[PDB]
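2 protein chains.
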Amino acid sequence: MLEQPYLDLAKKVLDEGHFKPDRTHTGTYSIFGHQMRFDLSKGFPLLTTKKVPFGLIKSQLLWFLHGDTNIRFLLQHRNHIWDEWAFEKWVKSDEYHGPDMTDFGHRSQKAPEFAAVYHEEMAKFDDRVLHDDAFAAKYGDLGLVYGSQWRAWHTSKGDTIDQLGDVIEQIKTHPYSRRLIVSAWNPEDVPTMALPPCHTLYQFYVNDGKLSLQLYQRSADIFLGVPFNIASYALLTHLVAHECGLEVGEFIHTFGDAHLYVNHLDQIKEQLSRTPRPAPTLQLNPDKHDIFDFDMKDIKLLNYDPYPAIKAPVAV
Amino acid sequence: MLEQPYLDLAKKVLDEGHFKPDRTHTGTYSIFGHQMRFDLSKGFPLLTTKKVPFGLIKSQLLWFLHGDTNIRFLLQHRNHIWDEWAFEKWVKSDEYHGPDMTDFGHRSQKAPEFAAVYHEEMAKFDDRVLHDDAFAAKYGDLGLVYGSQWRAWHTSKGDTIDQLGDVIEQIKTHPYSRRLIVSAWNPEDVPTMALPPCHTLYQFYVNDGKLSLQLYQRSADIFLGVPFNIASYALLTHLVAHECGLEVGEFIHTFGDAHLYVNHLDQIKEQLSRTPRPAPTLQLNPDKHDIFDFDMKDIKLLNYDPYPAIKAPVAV
Ligand SMILES: O=c1ccn([C@H]2C[C@H](O)[C@@H](COP(=O)(O)O)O2)c(=O)[nH]1
Ligand SMILES: O=c1ccn([C@H]2C[C@H](O)[C@@H](COP(=O)(O)O)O2)c(=O)[nH]1
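Just so you know, the protein sequences line up as chains A and A', in that order. A prime marks a further copy of an entry chain.
The authors' numbering puts the first residue of the first sequence at 1, with every later residue one more than the last.
The authors' numbering puts the first residue of the second sequence at 1, with every later residue one more than the last.
Watch out, some of these pointers could steer you wrong.
If chains are identical, the list can't say which one is meant, so a pair holds when it fits in one copy or spans any two.
What the hints assert, rightly or not - In the DSS-like style, the derived pairs of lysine-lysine whose C-alpha atoms are separated by at most 27 Å in a straight line are: (1) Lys210 <-> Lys11; (2) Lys172 <-> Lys124; (3) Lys92 <-> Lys12; (4) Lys12 <-> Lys42; (5) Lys20 <-> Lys172; (6) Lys138 <-> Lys157; (7) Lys20 <-> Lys210; (8) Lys138 <-> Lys42; (9) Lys110 <-> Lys269; (10) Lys51 <-> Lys89; (11) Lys288 <-> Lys12; (12) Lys12 <-> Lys210; (13) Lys269 <-> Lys172; (14) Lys172 <-> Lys311; (15) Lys157 <-> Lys311; (16) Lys89 <-> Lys269; (17) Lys311 <-> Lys12; (18) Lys51 <-> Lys172.
Hints are computed from structural coordinates only; laboratory data are not their basis.
Construct all of the structure, not just a fragment, from the sequences and the given hints.
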């Protein structure tokens, strides 16, 4: 069934995970090393067993794909997923006069006089990102994040490389190429950076007329991250294919540490008794062909008939 | 048994490979995506089923590990594995007066008046690498190759980063770190380069007191490459561990295209009936602890009791 590769990792991390210390203290149980394969000529791997808002995914992606590094695109479609990374530097900055805010994170997460200040503070900022074309430019422009490592990797002497646009075309003119990779691991930018990307490298492969994509993820949160990460790159494998005029093949997700923090066991547990349902189908717009100009309505999912969603404590 | 993960990929590529066109024309049968796991606390994965000269491996490695890019180190221990990359630029150069030599490769491989000229021409050059401290410096120094992408990744404005030395120490001071990666994929140097590395990325992981290493290989030659590539990174996982004072855990080898060219079927076929034998053990010198100062005799293998080797047509 489509998403069974997922439910097999959950099960499998539970069953032979091993307690590991971590970035917070919230242990995780993890495994090192793992591949799971999705025949995308079968349905869209959106998890049926937990409600997943496609909406946040495809726009997160179209922001990647336009070469973007700016919050504003996301807030313009109430996709809040990165705000924290951007509110962070506003708060810790010298225009920011206003409450102490020193790493909210979890200071919010179990303290309510302060998990309220932060809220509007944050919405204060969101508003200020949308509407102030100048503020947005130094506090919303986020710096290095996937849109910028895929489509404008900075060089040694000058310039900036559109790593992805180059790869799509070496898919268009050299399909049998073992050298088709897009990387986001920039070694000079890695010591001192926020989240050194989790989606480190991907690679395409063409065989007999169908595309495929592999993902190396060096770190992963089985419950919050991976259901979303799975549709992101299977959305991408689908977009890039329509562009190259190829059929769809398989999405492969290779993991380095894959992990379940511990205040989430109870939740995965519950999800694991839900009997998966048939998977959604994805129609991509029949006329637009450069994918970089894509927009929301050029992509609309069908039969996603999910279970209810499940709620869960998050990161720090 | 140790090397059975290997013999299962051979079998498995045969059985459901799919003919793919390629760099030469020599088809390959390949698969995209594959992980195989080796519990190194069990023995050294040198293939027992085909004789494998450890010698070339450990010195190839010590050249990587000293940050080297120079032929001479290799020729000094008759490790010829890279000569071709280096003879190439001598021949195609304007000191080189002497025969036409235009990509030997296969012009040697089925033409004997010329698979002789080349031979001494090449030995002419080898000699000239050893003994001419100046020639060696512009024709033996190879440019970008693993010793240089691991230990001196060039930066944007200036400098050069010892990516590996940094990672070993974040193993020494931050063991539970999902961010421990060494990459060799340099995106700016990749369009115009010889062999964009095949061993793209690796990642370490510590759990409960034992190290592990994963390899992403975007391309692979099941018969010639992978038996060697397997001992290289399991040698490395072993060296880096002795340095961090850790036990040994697992080596994971994740493949992108994994492939068998077609004038090699017959050979793997034969090897696949050989009944694997017990695996060798590896003792590393008990006193030296910085691994970067290691040398040949600080590493000596035990009980490698291999089958005979098997001969095979090579690359182009
Ligand atoms: O798309 C994503 C992004 C992040 N994570 C998780 C991985 C870890 O749970 C945490 C990152 O912490 P580090 O790996 O950077 O230490 O976020 C995911 O699983 N999927
Ligand atoms: O350590 C190595 C080095 C190379 N190869 C193989 C991979 C392909 O068979 C060929 C490289 O050609 P490209 O992948 O660069 O196209 O060499 C290996 O299997 N192992």
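Results of checking the hints against the structure:
no. : hint              : result
1   : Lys210 <-> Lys11  : between (31 Å within a copy, 24 Å between copies)
2   : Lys172 <-> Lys124 : neither (46 Å within a copy, 43 Å between copies)
3   : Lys92 <-> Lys12   : neither (41 Å within a copy, 55 Å between copies)
4   : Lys12 <-> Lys42   : both (24 Å within a copy, 23 Å between copies)
5   : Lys20 <-> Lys172  : between (44 Å within a copy, 16 Å between copies)
6   : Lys138 <-> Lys157 : both (24 Å within a copy, 23 Å between copies)
7   : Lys20 <-> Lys210  : between (40 Å within a copy, 12 Å between copies)
8   : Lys138 <-> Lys42  : neither (44 Å within a copy, 55 Å between copies)
9   : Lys110 <-> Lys269 : within (24 Å within a copy, 63 Å between copies)
10  : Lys51 <-> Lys89   : neither (32 Å within a copy, 58 Å between copies)
11  : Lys288 <-> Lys12  : neither (41 Å within a copy, 40 Å between copies)
12  : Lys12 <-> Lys210  : between (30 Å within a copy, 20 Å between copies)
13  : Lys269 <-> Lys172 : neither (44 Å within a copy, 36 Å between copies)
14  : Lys172 <-> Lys311 : neither (43 Å within a copy, 37 Å between copies)
15  : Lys157 <-> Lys311 : neither (48 Å within a copy, 46 Å between copies)
16  : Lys89 <-> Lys269  : neither (37 Å within a copy, 60 Å between copies)
17  : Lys311 <-> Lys12  : within (22 Å within a copy, 42 Å between copies)
18  : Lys51 <-> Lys172  : neither (36 Å within a copy, 42 Å between copies)
Consistency with the previously given hints fails for numbers 2, 3, 8, 10, 11, 13, 14, 15, 16 and 18, ordered from lowest to highest.
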